[PDB]
Amino acid sequence: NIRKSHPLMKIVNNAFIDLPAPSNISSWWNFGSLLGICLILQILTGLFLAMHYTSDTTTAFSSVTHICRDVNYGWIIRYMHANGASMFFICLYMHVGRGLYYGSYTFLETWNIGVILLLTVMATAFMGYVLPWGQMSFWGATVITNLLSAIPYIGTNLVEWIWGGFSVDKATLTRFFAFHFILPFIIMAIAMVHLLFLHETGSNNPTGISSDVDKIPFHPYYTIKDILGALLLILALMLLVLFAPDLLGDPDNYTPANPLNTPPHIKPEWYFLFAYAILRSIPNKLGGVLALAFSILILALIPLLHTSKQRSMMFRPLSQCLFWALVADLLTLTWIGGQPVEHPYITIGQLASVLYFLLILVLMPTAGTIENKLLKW
Amino acid sequence: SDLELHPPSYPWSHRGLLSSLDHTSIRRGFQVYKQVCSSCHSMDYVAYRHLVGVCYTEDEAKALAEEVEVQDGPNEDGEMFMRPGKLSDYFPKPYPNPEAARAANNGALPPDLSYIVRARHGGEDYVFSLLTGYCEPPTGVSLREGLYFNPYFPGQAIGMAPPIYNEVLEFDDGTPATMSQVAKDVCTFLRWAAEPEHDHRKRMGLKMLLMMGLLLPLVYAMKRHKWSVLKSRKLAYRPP
Amino acid sequence: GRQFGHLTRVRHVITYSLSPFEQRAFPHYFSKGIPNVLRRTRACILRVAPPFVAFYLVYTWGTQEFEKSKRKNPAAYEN
Amino acid sequence: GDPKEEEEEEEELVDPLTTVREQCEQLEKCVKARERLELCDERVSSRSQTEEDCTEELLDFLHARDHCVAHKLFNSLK
Amino acid sequence: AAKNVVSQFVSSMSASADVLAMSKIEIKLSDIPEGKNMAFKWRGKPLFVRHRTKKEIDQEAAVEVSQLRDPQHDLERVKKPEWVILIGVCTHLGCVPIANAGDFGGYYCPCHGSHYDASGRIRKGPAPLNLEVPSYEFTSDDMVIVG
Amino acid sequence: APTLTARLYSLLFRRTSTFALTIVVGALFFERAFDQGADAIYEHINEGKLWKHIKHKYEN
Ligand code: HEM
Ligand code: HEM
Ligand code: HEM
Ligand SMILES: C[C@@]1(c2ccc(Oc3ccccc3)cc2)OC(=O)N(Nc2ccccc2)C1=O
Ligand code: FES
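Residue numbers (the UniProt record's numbering), protein chains in the order written: chain A, 3 to 379; chain B, 85 to 324; chain C, 2 to 80; chain D, 14 to 91; chain E, 128 to 274; chain F, 3 to 62.
Warning: the hint list may mix true and false statements.
Claimed, not checked - Restraint ranges, calculated between C-beta atoms of paired labels, are given here:
1. B/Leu101 with C/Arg41: 30 to 36 Å
2. B/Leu299 with A/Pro219: 57 to 63 Å
3. F/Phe36 with B/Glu151: 39 to 45 Å
No lab work stands behind these hints: they were computed from the structure. Think of the CB as a built atom: it goes at the ideal place given N, C-alpha and C, for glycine as much as any other residue.
Excised from the complex, chain A in its bound form:
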């Protein structure tokens, strides 16, 4: 009987069963549902870890080990959480890249909501990482938190405020546990709002050309395409959990607390590398953090810089080359962000930083304009 009339299943039907979708959406389109799976994944394992973790300075590092050694299967649950956080970023990255390449950002509202979803998960992962009170957890917590101190005039009252003291201590570990528990529920609401705005127009596709003449039902097609792709997300997640639990995980969080001693070479998680390089590039306190913020906050300027008469980059050889130069540049930032602030590296790191911004703020838009002229448009 009917899916269409019931006030509840009607939502389901309109979102996952009868929703008209482009016959041609690619694998690149699988990431949104994978981001949903990621969020649920983080939520379940996250929760079971909360049934055993304790938020006090003393027993924090210890309770986590209690989980990995004592609590039945805590190790598998703990690793799925950690590796799930990485996958979540892997997915954010692909998802945001897919939107750039294919012009999807032209759906203003849904793209703007996405940026919010990006910042929310970054906020979430940060608080998360601090939780086990390891060396990197602590020093990473110290670095990132201090960014706020750069803000003129009110900078220090703010860090101390967010600290609940004179430095990252007791009060901060507890509040971070709290905010880290509620954030993913708030994320979940923003994501439903994301999905609402998207349905208003439906999905874009590889060609950037309207698909209203060739829509297919989300259900049999994307239902199975999404299943298959979930299993791929799962294989990749398990491989990590079950063969390489410590691979992305820094060895220093396996050593408790040292507010007195900063490790020789503190290294961000992975997904912060490129942004870490940008912040570091410029030898200035204020300007570094400003460059850092702008490095992410730039996504919301992207739509103003669309210059081409076409939506997607599928028929745009110039933009394509510049897009990959962007990716290749990010990969350079990543490499550099994980390296000591020295000779070859600072200069490479400064040139990659101007390139990132140079290509988004100027190169891409100029390619679009010459592609238009080349076509006589």
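Following the hints, put chains B, C, D, E and F with the ligands in place on chain A, whose structure we already have.
Here is chains B, C, D, E and F with the ligands on its own, set in the frame of chain A:
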């Protein structure tokens, strides 16, 4: 000062994808922690029961636990005595407040416990090569006090006296307690102390690839079946 | 949202199609697929690949300079 | 030379890392680094008051030795 | 794959390290007064013991089995009459019964309300089972253990 | 002489009742046969277990 070298190449018998531990070597390795390392290094997270599963036997585990004295809970007078040795809380803790380890050893703090994975890149190897690779301090550089020199370590210089080849033994088997053999065993054991789940994980891991190798092709075939209709559809335009 | 029946106007196109239980799910998987991937590869290498070799070259050089410059170094201090 | 003293050589204690190190310490790329060391080992004896270090020339040598140590070793251990 | 991961996640809520204690507290019970009540832990779970005074013996030497829900006789319950060895939870919910404060023998679980005796077995209210004190073995008249 | 997959279809797949009954009964055995056959694979390649190691101590 800031220069340094990295560990050799790992042939452990627990290096590959699927690869158990040589539980016999985990035994020998505990014996090394028992007689030598224990007197300086705290192993705060392992317990006598943890071994029951791995290297010993129910009865054996009790017996080895009984060879020490911990500070048991208070009774009617508000006391604090000592007790035979449980089976439920390793913890031979060589030093009270950590600063006592500093006092004894002189500056240097004998770190962690259930080692490797721990803050040491190249985990087991770094340790193996640290213990097994003490060498003569080359020309040009002195040592503020006869500290102790080690090619690996950060800064090539500092701390721990070379404690391997003082051929302590109690390997039953009939195994020669040599420099290396005692190290291979200690690292092996330390591997298990840091990662007890190691063997179950790779058995699961096996199952994950085996299952994934069944499901992947199958789910893929389900999707192609349903997408058949679109993939082979044919179009024709027939305007007036 | 939008519903089938109210999307857009289409006139004059016929679509012929088969039942899944009537066709193969992998017809010429290799016979036609391999050629197809070679072809999509050719079509995109020139745009995708170059920026990455550019990073690759800077990656090896960059680390090379790093090692030779600082550590390996202590070059001449002769007396 | 002699058996009774072989078990005494086992009680005077035995060779593991030593026979392999000696055999590797022996090899091509190694003797080259040792040779580079031996040379620098001399130029510090030279001005045995006022002068640098020889940490670096040493590290190079272990690298080559311990490498073939790891490859060959373990087969003997047990 | 589903029940494997669901089981693991479910099995994780079960107890973790807990394969408890040694207890057997060296008890001298011709040491404690004529008939006072003593309670220890045998896994964090209250174990309570009175002695068994003359007058108090026979209140339990007169049992009744023909009208019960679970079977026994105080003297038939433990190994030696004037010497029982109770635990202390309450089979109803988990309200620890207090020392000789109710009816019959002495016991009386409040937490709301239910009766027991000197042998412990339940006789009046809501609780369905007799309570449980493992075995009873002493060692000698002057000493004792538990189970 | 019909075929196998046909027999399977007639007797068990046509109805979602049987179709479902067959897979639940299929999982019960697959799990048991996969765990066993897969454990033995894990063991055969290892053999420095707690198993073989035990043998040495029926005593105390
Ligand atoms: C017993 C066989 C034993 C082992 C194994 C062991 C290991 C060990 C490691 C891996 C380190 C880490 C080096 C690092 O942090 O990078 C370390 C450090 C110290 N040790 Fe040790 N140790 C064993 C035994 C002993 C014994 C018996 C003593 C006391 C005489 C001792 C001492 C020390 C000290 C001091 C350090 C700190 C080094 C420093 O940072 O200065 N060890 N040990
Ligand atoms: C359901 C909401 C969540 C809860 C209740 C939750 C609970 C927890 C707890 C208790 C810890 C500390 C234990 C441990 O470190 O293993 C933790 C750590 C962490 N979580 Fe979450 N979390 C939630 C959502 C998230 C989200 C959205 C992310 C981002 C994908 C995330 C990524 C992390 C990370 C990176 C850590 C640090 C992991 C580590 O290395 O130990 N979790 N979480
Ligand atoms: C919690 C994080 C996110 C979730 C849960 C999420 C979920 C989804 C889902 C389910 C889709 C449907 C189809 C698809 O897979 O593409 C989608 C499409 C889209 N999302 Fe997100 N996404 C998230 C982060 C982002 C981010 C970071 C952005 C951009 C900053 C973004 C902007 C878009 C856009 C523009 C589309 C358009 C679809 C297209 O053009 O193909 N979303 N998202
Ligand atoms: C995991 C991690 C983290 C998490 C989320 C972040 O959020 C962003 C990610 C990308 C871009 C901007 C913010 C940043 C760092 O949290 C944390 O303590 N660190 N560690 C760290 C190390 C050195 C400097 C700064 C931080 C992270 O990597
Ligand atoms: S729990 Fe004792 S009477 Fe209810």
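Requested in this report: Return holds or violated for the Cβ distance of B/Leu101 and C/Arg41 against the range 30 to 36 Å.
Outcome: holds (32 Å)
Requested in this report: Given the hint of 57 to 63 Å, check if B/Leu299 and A/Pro219 actually sit that far apart at their C-beta atoms.
Outcome: Cβ of B/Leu299 to Cβ of A/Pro219: about 25 Å, so the range 57 to 63 Å is violated.
Query raised in the report: Okay, F/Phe36 versus B/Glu151 on CB: inside 39 to 45 Å?
Result: holds (44 Å)
Hint 2 from the list above is the single one not met by this structure.
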